[PDB]
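Take a look at this single chain, the form deposited without the partner chain, given in structure tokens.
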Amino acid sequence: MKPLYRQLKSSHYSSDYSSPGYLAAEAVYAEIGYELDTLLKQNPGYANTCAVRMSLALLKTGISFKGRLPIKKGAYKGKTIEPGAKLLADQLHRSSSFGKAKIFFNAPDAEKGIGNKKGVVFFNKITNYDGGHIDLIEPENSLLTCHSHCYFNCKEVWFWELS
């Protein structure tokens, strides 16, 4: 299936405190049956929660993707999360659900390429930020807004349009 933007957004926990769809990182992991503090000790990379949040939104809208972190609690117990942003972007890139991303190498090209569309965005190799960022993006007041945060100071912007 191909998820609709509105429903993917409804099913996506934002990390932005002022977002209507906000949920704290600890609560996101608790839902899937993990203690964040425990995971951080195993791999500090778990502090970057964008791909966990996006994985969960995709699962909730019925989208297939390979994952590495088993869900241990709730309706999605047994299903898997991909906690790495790049690895999740790779999955989307090779999927029939989403197809190949449009990839932009500078800010003007990224903004023009996205234009008035909405969908999934992946900011790859962000300046002064570890692990990248995958999120939802849409126009707002003639600018682009991300459900959590945009990171246009990066090496590559990947975009998948949704309806």
Second form
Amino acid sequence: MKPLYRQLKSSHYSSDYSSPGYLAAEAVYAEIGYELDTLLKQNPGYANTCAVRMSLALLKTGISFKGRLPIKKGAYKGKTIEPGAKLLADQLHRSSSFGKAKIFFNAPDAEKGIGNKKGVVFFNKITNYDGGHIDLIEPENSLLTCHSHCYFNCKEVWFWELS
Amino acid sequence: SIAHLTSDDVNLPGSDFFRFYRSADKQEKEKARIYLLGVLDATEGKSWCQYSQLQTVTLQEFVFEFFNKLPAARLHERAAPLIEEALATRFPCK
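Could you drop in the structure for the form deposited with the partner chain bound? We only have the form deposited without the partner chain so far.
Below, the chain from earlier opens the complete complex, with every other chain and molecule after it.
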């Protein structure tokens, strides 16, 4: 069943170097039995870790999903990580206990729609980047802030509210 | 050292950049990230590749990690070439 926002955040490693929840990509990959440098040589795209981080947060909160990257070490050995943001989002949307996301087609709609709520956000098709970004979002003052980074410069914003 | 980052701070040392880059003041951190943006735009597609493959948060993380592991002696070098080195060595154009 659907996790509380604070529990999910507590199991989520921010990729924002200035965040109190920060953990670097080398340490993130090491936890699941991968060497960052090996992965980067296969594909530079592995440097983008938002979906890796979200996958891990989901596992740590007992949420089921299919991933492509097998976990080699630690508590979740035998489970899988989904390293692609869109693929992970598509799965949470099409087939999970989060249910279907609310879909916004522009940033103003997304900002008004999310409002004072918190939960999981997916930024679909970011300007100047071939892909998206999945993260946690919550209000701070009267602005929305993401655990790692917000990308409202995108085609669509998907949102799953958490309590 | 430099007190706070301004557009007049040419030949910005690595140590000063890295201080502003980590600032608790959100406007100061943003200014440092904009200095970075200028360096990124000046070097992307030339010494390192590339925007289509790498998010800005990704670029920012790897720049931080490079600076964070840098021997203290190298922080006297100019911020821009250090940033360039960080990305050129991990994400070369192929």
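Between two forms, the rigid core is defined as the largest C-alpha subset superposing within 1.5 Å. Residues that one form lacks are left out of the comparison. Numbering follows the first chain given and starts at 1.
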Threshold 2 Å Cα movement between these two forms at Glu35, rigid core reference
no
